[PDB]
Structure formats: C-alpha cells, structure tokens
Amino acid sequence: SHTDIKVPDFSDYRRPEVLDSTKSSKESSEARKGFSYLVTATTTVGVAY
Amino acid sequence: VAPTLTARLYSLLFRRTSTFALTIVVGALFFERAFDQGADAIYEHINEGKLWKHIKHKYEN
Amino acid sequence: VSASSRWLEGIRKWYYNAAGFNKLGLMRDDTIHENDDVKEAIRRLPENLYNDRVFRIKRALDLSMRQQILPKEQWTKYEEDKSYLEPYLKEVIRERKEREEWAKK
Amino acid sequence: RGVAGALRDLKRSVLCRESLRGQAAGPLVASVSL
Amino acid sequence: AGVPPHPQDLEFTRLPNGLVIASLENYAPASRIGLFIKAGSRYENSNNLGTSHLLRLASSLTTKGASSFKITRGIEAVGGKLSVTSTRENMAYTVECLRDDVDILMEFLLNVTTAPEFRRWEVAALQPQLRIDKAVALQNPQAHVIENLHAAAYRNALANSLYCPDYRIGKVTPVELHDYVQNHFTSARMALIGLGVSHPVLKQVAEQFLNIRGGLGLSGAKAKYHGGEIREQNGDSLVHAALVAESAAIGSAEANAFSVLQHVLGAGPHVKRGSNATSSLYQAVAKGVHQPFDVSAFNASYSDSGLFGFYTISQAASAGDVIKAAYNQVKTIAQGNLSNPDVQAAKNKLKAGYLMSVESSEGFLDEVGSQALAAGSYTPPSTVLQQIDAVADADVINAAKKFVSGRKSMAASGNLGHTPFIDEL
Amino acid sequence: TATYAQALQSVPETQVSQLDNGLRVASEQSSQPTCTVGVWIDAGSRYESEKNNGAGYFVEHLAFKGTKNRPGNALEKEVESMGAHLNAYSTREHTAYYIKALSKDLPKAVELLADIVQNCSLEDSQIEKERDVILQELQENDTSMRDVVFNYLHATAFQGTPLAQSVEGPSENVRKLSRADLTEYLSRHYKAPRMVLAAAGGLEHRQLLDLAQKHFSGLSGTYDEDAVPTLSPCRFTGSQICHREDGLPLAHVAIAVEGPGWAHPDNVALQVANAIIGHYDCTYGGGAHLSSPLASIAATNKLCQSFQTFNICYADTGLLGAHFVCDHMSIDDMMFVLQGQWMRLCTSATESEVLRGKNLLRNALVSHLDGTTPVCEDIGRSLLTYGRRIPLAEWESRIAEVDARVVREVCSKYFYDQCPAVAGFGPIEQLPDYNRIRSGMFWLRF
Amino acid sequence: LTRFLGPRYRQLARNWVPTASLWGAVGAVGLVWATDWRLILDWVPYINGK
Ligand SMILES: CCCCCCCCCCCCCC(=O)OC[C@H](COP(=O)(O)OCC[N+](C)(C)C)OC(=O)CCCCCCCCCCCCC
Ligand SMILES: CCCCCC(=O)OC[C@H](COP(=O)([O-])OCCN)OC(=O)CCCCC
Ligand SMILES: CCCCCC(=O)OC[C@H](COP(=O)([O-])OCCN)OC(=O)CCCCC
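Protein chains in written order, with full-length UniProt numbering: chain A, 79 to 127; chain B, 2 to 62; chain C, 7 to 111; chain D, 20 to 27, 44 to 61, 63 to 70; chain E, 29 to 453; chain F, 35 to 480; chain G, 2 to 51.
Quick caveat, the hints were computed from the structure, so don't treat them as lab data. Fair warning: there could be bad hints in the mix.
What the hints assert, rightly or not - With a cut-off of at most 27 Å between alpha-carbon atoms, the simulated DSSO-like pairs for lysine-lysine come out as follows: (1) D:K46 - E:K199; (2) E:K92 - C:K111; (3) D:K46 - A:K84; (4) E:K92 - C:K96; (5) F:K210 - E:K300; (6) A:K111 - F:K102; (7) A:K101 - F:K210; (8) F:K336 - E:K109; (9) F:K111 - E:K300; (10) F:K447 - A:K101; (11) C:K110 - E:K109; (12) C:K110 - E:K98; (13) E:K252 - E:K379; (14) C:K29 - C:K88; (15) F:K336 - E:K162; (16) F:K138 - C:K45; (17) E:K300 - D:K46; (18) E:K300 - F:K142; (19) E:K379 - F:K111; (20) E:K300 - C:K110; (21) F:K138 - E:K379; (22) E:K429 - C:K45; (23) E:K379 - F:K85; (24) E:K199 - F:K336; (25) E:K92 - E:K199; (26) C:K45 - E:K300; (27) A:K84 - F:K447; (28) F:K85 - D:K46; (29) C:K19 - C:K78; (30) E:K92 - C:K88; (31) F:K210 - A:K84.
Extracted from the complex, chain A is given alone in its bound form:
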C-alpha cells in the first residue's frame, strides 16, 4: 500500500536546469549552488562596507 505513494510533481517550482527528468542534475549542480552562494557573498560585502 505504501507503493501506491508517488511524490507529487514539483515542476511549478523547479529551476530551468532540472525539469528534464532524463538529464543529470550534476551537470548543473555547480552553477545552481554558485548562484545562491553569490547572493550571500555580495550581501556580506555590503554589511562589511
């Protein structure tokens, strides 16, 4: 009965590089992490200034 479970679709929230369920996510893992950590870096720059 727990095999009836299916995870719902998240395409409404996924980023562009991920919606292809037949394409590896590691191809975009560094660009996606880098974008979010670039936000943080420039934030601490302004707080530093």
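Add chains B, C, D, E, F and G with the ligands to chain A, keeping to what the hints say.
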C-alpha cells in the same frame, strides 16, 4: 559544455569556506573604493559648482 | 636493607604525620584529587572498600566542620596505611595509555 | 550481528500461505559476533 | 585451461591428552580457525543456569595477553572477525581473516579461550546484554517453542535453555564464569580446526597452548528423557506448535533413518512460492485445511539422545486439525505405506542438502568441528552418502513406528483455545 | 606457505563464451560436487512504464507455476525429486532465476532454466491466483519499516523517473495487469543478448556451452525489429519525504547522495570510506571499543538500535549514504554524528583508518565469494554491469591504490556541499529540518 | 601532554595546514581593510587614491 561563470566561481572560490570568506574580505576592499568613488561622483555632479570643492580655485591666493 | 633507606622512611613518616590527614582518621588514597582516572578507579572498588572510603571521608568532613581531630589513639598509623586504590588506579592509567598509543598509529 | 537459526523494532508480519513456508523449525543455534 | 589445482586432503590428528586437530589447505585468500568445545548449556546445572550464555557474550572482555580494547581494535584493524556460536552441546569460537594475519587472530583466539580474566566490573557492565540478546532471539516464536520443547522433553541437561533465565540476569558471577571455563575448556573436550592453515602450525599451537588438564572428564551426566508439555498462552496471531518423541543419538545408524524419514515427510521448501508437491506432511494437511499454514518435520540429534517429530503453524482455530492431520500422516508411514521411489527421492534431497551445507568455509568448518567432538574422527562426504544409501525402507518405517508409540513431548504458543493436549491426540 | 597475494592468482579465471544468437555463457570451475546455474537478465522496474509497473515481479510469481512441456506442479516435482533448490529475485535493474543442484544434475538443470524463460504457460487461472498473493505480500511489506523507508528514498531521490518506481508496483497495477501486458514485457526484455547463462561449481565450461547451444538456440536473434529498451539517465533530486507515525516504537531514517554508477573506479574508494563508518546494531560485542567513531559513540550514548552505510549502484547513478533506527529523542544526535563523520573524512582522513577500511573491504570481498551460489551471482551480475568478470587480483589492485588522499578527494566529490535525499518513517518529530540537514553537508571551519 | 605527536597527528596537521593559512589571509586582509593600513595598501594598484 564549458561550465558557466557561476559554476566556475563555485568550484574555485565558494566550495571552501575559507576561500569563500577570503573573497568577501577582498570583495569588500575593492567594492569600498569603487562605491565611494562612484557615489561621491554622483552627489557632486548633481550639486555641480555648489560647494567648496568646486569654488576652491577662485580663492587660491 | 640498610640504614640510609631507613631514615628515608623516617622523613616520609615525618611528612606523613605533618600532612595530618591521619589526624582525621583518613588514608592517603582518601585524599587523591578525583579526575577521570580516579573516578574510574573508585567505580571499580569492591563494596567493602567503597563503603569504608565513604564513611572515613564522611567522618572527616564532620570533624573538619567542627575544626576537631580524633584522639591520637585513632589516628591512621603510617605503618597501617593501605594503598587500596593505586592497584585499581594504575590499571586505569595503563588502559588509557594504551588507547593513547593506538590513537597515534 | 546476532543470529538464531533452527530450520535444518516491529519486525514484519506474515499473512499469506506462500510467505509462511520456510518458517516451521526443522535444533536451535545461538551465535554472537563483534 | 582454466581448471582448479590438485585439491589437498584434510589432515587429522588426535593428541594423547584428548585434544583433536584438523587442518585443510585450500590455498584460499582468507583463513578460518575454530576452537570447538564441549561446553554447551547442557553442562549447566540448576545453580548456575545461564553461565554459558553470558560466557558466549564475553569473548571481547579482557584477557591476560590482550585488553578488551586491544581485542576489538586488533581484529578490526585487520578487518577480521571473532564469533561465538553455541549449541546445547558445544561452544564454537570462530575467527576469520586474511591468511597473512593468522598469527594475530590465533593469539586473540587463545587469549579469549585460555586466559579470560572475567573482571568484576567488565562482567557487571555486560549483564544487561543478556536481556537485549535474549529479547532479540525471542522475537521469533520458534525460539521459545524449541526452548520450551526441550524443557518439557527432558529432566536435566538438554532441558537447559540456550538463553539465560530471566531470574539469573545480573546474578551470574565472575566466579561461575571462572569455574565454567576451568571445568569445561579442557584438552579432552576441545577440537582445533583450521582452513587455510598448515597442520604443523596448528599442532604446534595445540601442544604449546592447549594442554589443559583437570576440570571435568567427559561426564556421564546422561540426559534423561521424560516427556511432557508446556503451553504458553499469548497474543500471537498464529499458533506455533511442535510434537516430538525420543529418536536416536547422532552417529548411530538409526539416526540416519530418522534423517531420511524427515525428508520423506518434509523438512523445508526447495522452490520459491511452491506448493511443495513432494512434501508428504504439507499435502496431508492441505487436503483438509484451505487456510494459510506451514508444517515441517523436525529432527534434532544429540550425543546421547534425540528428538524427532513435526512443527506446525496455523490459525488458532485450525490448530488441532493441522496437528491431527500431520500426526495421522506419520501414522500412515508407521503402518508401512511407503513407496521406494519416495525414499530414493528423500535420500536424494538429504544427500544433496548435506553437500550443499558444506560448500562454504563456514559450513565446512562447522561440520568438521562438530564431527571431531561428537565422533573423534572426520568422515568424508562420499562415506556419508554411503551411510545414507545404506538406509533401508524398513528402517524408515521403524523410525516412524518409534515416534507413534513413544512418549511424546509438545510445546505450543499462541491462542491455544483449539490446540489439543497430548492425551487428546 | 602461500601468501595472500599468491592466493589471489590461484583462482580459476571465469571462462566466457557467446552463442550465435547473443546469449553469453560464463563459468568458474571448482572441485565441488555441487554447483549453481542460472540466467541473469537486464530487466527490472527501471525498464517498466507507470502503466505496466510491477509486471516483471508478476512474472516471478508465475515462472515456477507451470510451463508448456511440464504443466502445473510438474516443474516443482522434478527439482524436488533430484534434491535441487530453485530460486529467483528481481531488483530495479536485474532479474535472475537459478538452481542449486548436484554437478551430475547440471544438464537437467540447464534444460529447466531454458524451459522457464522461453516456454512459460501463464494460464489465466494461475494469474488470478497470483494476483491475491501479491496484494497480501504488499500488506506484509508495509510492516517492514526498513523496506518502506528505502522505497521512500528511491521515490523522492529519483522522483519523476523510472527508478522512483518500486519493484512490486502499486496495488492498482496489480489489480489490472493483464496477460497481454506480461507477454509484451517478456517478448521485449527476455532476448538472448540481454541474458547471461552463469554457472559455478564442479563443471567444465565445454559442457555448459554445449547445453546453451542446445536449449537456448530457440531464443530471438540479435535483431529485434527496432524496439530496444534504451535506459535514459535518471535525475537525482535533493529532497525529503517524512511519513510521521508516532504509533510506531522506533524511527527509521535513510539519507543518501547521488553515486557514480557500476563501472566507475570511484566506487572502490567510496566502499573504503563506507567501511570506516561501517555498521552497527545493539547485539555487537565491541560497543565502546569499536574503531568507527559513529559506532563507538552510538553504543556508549545509546543513540540507535542499528545503523548501516551503503553504496547502491545503478547504471550511471546510485544512492550513497546511511540508514539507521533509533528512539524518537535520538534522531538529531545520530544525524549530527553521521554527518560529522562524512565531513571529517572529506577533510581530514588519516592513513591508519584507511588501511582498516581497505582490509575490511578485502575481507568482505573474499568471504562473500564463498560458495557456488554467490560466485554464480557475481558471474551473472558482473557481465550485465561491467561486461566482464573482474578477477579478485584486479579488485586488490584497485584497493591498494587507495590512500588517505584518495578518500578525501573521492568523498568531497560526492558528499561535500551536495544536496542529499532524505526519507523518514516513524516517530520523526525530532528529525532535523532539511535546511539543517543541508547545512550539515559542509563545515564553516573548512 | 605528548599524546599528540605520532604518525596520525602529523597527518592531521598536514591535512588542515592549507586551511589555516587561508584563515590567516582572511584575518590579515581583514585587519588591513578594517583599519585602513596604508603601509600595505600602497602597492596594490587600484585602491590607491583618497
Ligand atoms: C580586526 C578586523 C577583522 C575583520 C574581518 C573581516 C571578515 C568579513 C566576513 C567574512 C566571513 C564569511 C563567513 C561565511 O560566509 O559563512 C557565514 C555564512 C554562510 O553562508 P551560507 O551561504 O549559509 O553557506 C556557505 C557555504 N559555503 C562556504 C560552502 C559556500 O554566511 C552568511 O550566511 C551570512 C549572511 C548574512 C549576514 C548578516 C549578519 C549581520 C546581522 C544583521 C544585520 C542587520 C541588522 C543589525
Ligand atoms: C563573523 C562571522 C559569523 C558567522 C555566523 C554563522 O555562520 O552562523 C551560522 C549560519 C550559517 O551556517 P549554517 O546554519 O548553514 O550552519 C552550518 C553548519 N555546518 O549563519 C547565519 O544565518 C547566522 C546569523 C547571525 C546574526 C547575528
Ligand atoms: C588593536 C586596535 C588597532 C587600532 C589602530 C588605529 O586606530 O589605526 C591607526 C593605523 C593607520 O595606518 P597608518 O598607515 O596611518 O599607520 C599609522 C602608524 N601609527 O592602523 C594600523 O596600523 C592597524 C594596526 C593593527 C595592529 C593590531
């Protein structure tokens, strides 16, 4: 399939916290010069010839 | 064995009586500072030594509160001071040193 | 891992007749390890 | 060509002090060693029940040549293993590692078995493990049935549980462990078995470190069969039940007849999800029972006794019907209704099963180790199959006759509202 | 006497042949009177669509229930009467049917495997029987918290892909899977080039190849009319699934990152790392003195009933991580120590503990290939995954390369600053939030 | 006291050495930047000014 700029920034700078922090402190140093340089340039271009920095040349002697 | 190592004991008996924990009916091992090694050694004591150690310490804290001592008849004689804890304590340390030698392999 | 054999956390339930074959004992053994 | 080399032969030796050594050089990448001792739970008495269980949990405790810390770290550094398996008759200290590290694990194995210290505090910290270890085992309803089955069958010795009785947890003393190893870990009671080791090494080890005298000679504390029944009312969904009678001691020819009779009736499934078409007991029960169940012949053979019968699992309401159907099917065999093709098929399963059980090193070492203790010899498989072939159909029938007419022992657990007593069969 | 290095040369190399139709026949000879032979197939749930998921598992129930030449229970009778044993299994990528039997019974055993694969009865009345059986097996699986939480891990980690599917399929598919669905699955996937006839025991490779050319010649040729199953890559998704159920006595957690795949040399170094963390449950003897810090701490402070690391491989992907079982107030502490060891191996692995992990893997590899059945399994599986048998002499070489620098580089590649997949089941109120879990995958000090 | 000198502890030292020397670059650069230390900041090209 060359990784974009954001991916090459992560691999080289951000993955390690130390290098992530080093470029924050260096980013602060170079951001400070260009921000106060550019910002002051706007404040006075608005107020051109209105304050002492501009009329300093009249009363030199 | 000789007369020179016998006055060595005489000055250790002297220091013993001067240290004065025998005046509270206590033994040397009752006064060891409890660290992790000592707390383990005490944990390993059989019931009789543990209970004896508890009462001697309790009797001494009672005396210390009143700033009193026991009669000289009841002082711990240097000759009869059983180092009951050092066998257990020496094995605790021996085990710890073994771990420490493995930790740097 | 500890073992108990004899055939020659809520564990799991048995209901059908196919998953029940192999359960009836056939001499006990107790084993222990590191 | 891609062929294996000349397979070496097992070497075997009996020292005058009673110790037995058996070695085999299969040139394998790993080595396995075992010290098998006649020290199972039958050798406990009613003043020290559970001692052999706690002893079975204390292999990593401190010895004279190795701290508890060194045993655990020494073996793990090499990636080796140390295990302790117990029968009602034997304890088996097994050690496994790569053949370059046999020196290390042999030293640990000897310290465990020859030089345990059983320090008061280490023993004290270990007693809660009895409760955990027993609790895990009794998650199987089979475990408590078999334990109760032996307690109902025998007056002493084999009545003893592999697992410590609840009232003894915390009360097994370091003195009892000391006395137990002194009385039972003797040269006359031991066998040193090795795979991937040369015989001169094992013999050297045995002569130097395993010459222990005294204790107890191979006591004639004979197990006295009695019969009886134990009934555990609980809230399991199914009823487990076992019904047996005294059978034959291992090694004797009558025991081979019982082994063959087991595979005539049905020992276990050979095909996944099968109906067990060639299982006599299963088809007998399945005719008058169309609900889930299981049934299997049960065969247990010991140095001086044995139990044979069957084991049933069924819905609580179908308990008696499954029992009685199983019992009547055995009665049929005792009445001489047994074809010869059915015996040749059972001898096929038993012969095939035996060889399969000795494919691996662990199963091979266990058989050699238990052969050495029970028989004092090694019997190669070609001779085992010869002894199986020597079983006649009348021997199988007489074995079934001994069951029908013998005083019975029964153990059952579950909702026993429809589970018959012995006298109701 | 012989050394460990010398003993690894003394293993016979697996002889390999290929039939004219595509089937591959591989054997490792020994001096055993017994043996095991079986057919390994590139089939499983990953090849199935949502509409016919669970089909190959339906087939497993029917494979032994009848055939054209031996209808009904006639197949059970023949193997039981010669004392043989017959078994099968299905993973998400592989399907196997094998027999254990005497060496003299090899020719009959090969015949039966051929008759099972090719000529299957699949009577419509047996199907309706096996339908109610599978549904009961599903109710049984629901009570194995371990099997649930790993189906949950696959479901979230590979969401949107074939690998997310369970092997057994959903209850709805079981109730509507028709005989036409099953024969379509077989005709497509059970083709000679995607199968291996593996055997292990006392048997000459000549004999096995002769029987293959005899009983497996009728298989479909190399061409299949242009309809080949081509496994697409499967997206891994950093995600979390929590099934809260406080009525259960103990919580199950499984957490993993994406692994490389079958034929990637990184798996060796990853397995060494997993061996350092190791495994544990409450019945082990070592407890406080175990080498693994996770194990030692968990026994001392009683943080779990059991834990185990794992490296599940699939084609070009996998699940690398750990799973554990603990009281409801110990989940946070277990995850803290677990992640702390991943981080510690990424950044500061030492040479001594890597030698231990290497030796643990060496021991685990030799002792697993002990007996005719696990060798025959390694033969069959290794040809579907590597396309060849890797001798033990090679595995030892790929291990000795590993040193502390290798595990730090390999572990950081897969563990450090990566999005994990998480699956929880039971009283998991204290299961840390995913952002907290995600922040445990890096150290600010590094 | 000397528990921490052996094969494994010199390996840990050499593992964390590249990191600590970077946190010294964070602190040192952070000290220059915060206090406006002019003795260092003259040779770096762009910030020269004001
Ligand atoms: C004597 C002179 C010495 C001068 C020294 C100068 C040093 C300057 C700071 C450099 C330290 C950087 C440390 C660092 O970024 O980690 C702290 C967190 C981590 O961010 P997060 O993106 O979570 O993880 C990054 C993981 N990584 C490294 C593998 C990519 O980063 C963040 O999450 C921080 C972002 C929020 C900052 C705001 C906090 C201030 C309080 C509120 C301000 C407004 C109202 C008061
Ligand atoms: C001078 C530098 C001080 C650094 C403080 C710090 O990093 O705190 C932890 C978090 C981010 O780390 P994490 O929560 O991912 O945990 C990482 C686990 N490895 O950052 C914040 O959100 C805290 C906000 C502080 C405001 C006063
Ligand atoms: C610990 C608190 C430090 C306070 C220093 C201060 O107030 O600033 C003065 C100088 C200015 O740099 P300089 O090139 O004019 O040089 C002027 C020389 N007198 O900055 C420094 O030199 C920074 C030195 C920091 C050392 C700990």
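Now for the hints, and whether the structure bears them out:
no.	hint	in the structure
1	D:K46 - E:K199	30 Å, violated
2	E:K92 - C:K111	23 Å, holds
3	D:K46 - A:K84	25 Å, holds
4	E:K92 - C:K96	16 Å, holds
5	F:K210 - E:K300	24 Å, holds
6	A:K111 - F:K102	58 Å, violated
7	A:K101 - F:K210	31 Å, violated
8	F:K336 - E:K109	23 Å, holds
9	F:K111 - E:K300	13 Å, holds
10	F:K447 - A:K101	19 Å, holds
11	C:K110 - E:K109	23 Å, holds
12	C:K110 - E:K98	14 Å, holds
13	E:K252 - E:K379	31 Å, violated
14	C:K29 - C:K88	16 Å, holds
15	F:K336 - E:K162	18 Å, holds
16	F:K138 - C:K45	68 Å, violated
17	E:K300 - D:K46	21 Å, holds
18	E:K300 - F:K142	19 Å, holds
19	E:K379 - F:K111	17 Å, holds
20	E:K300 - C:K110	52 Å, violated
21	F:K138 - E:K379	13 Å, holds
22	E:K429 - C:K45	67 Å, violated
23	E:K379 - F:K85	47 Å, violated
24	E:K199 - F:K336	24 Å, holds
25	E:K92 - E:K199	24 Å, holds
26	C:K45 - E:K300	58 Å, violated
27	A:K84 - F:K447	30 Å, violated
28	F:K85 - D:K46	32 Å, violated
29	C:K19 - C:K78	15 Å, holds
30	E:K92 - C:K88	26 Å, holds
31	F:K210 - A:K84	18 Å, holds
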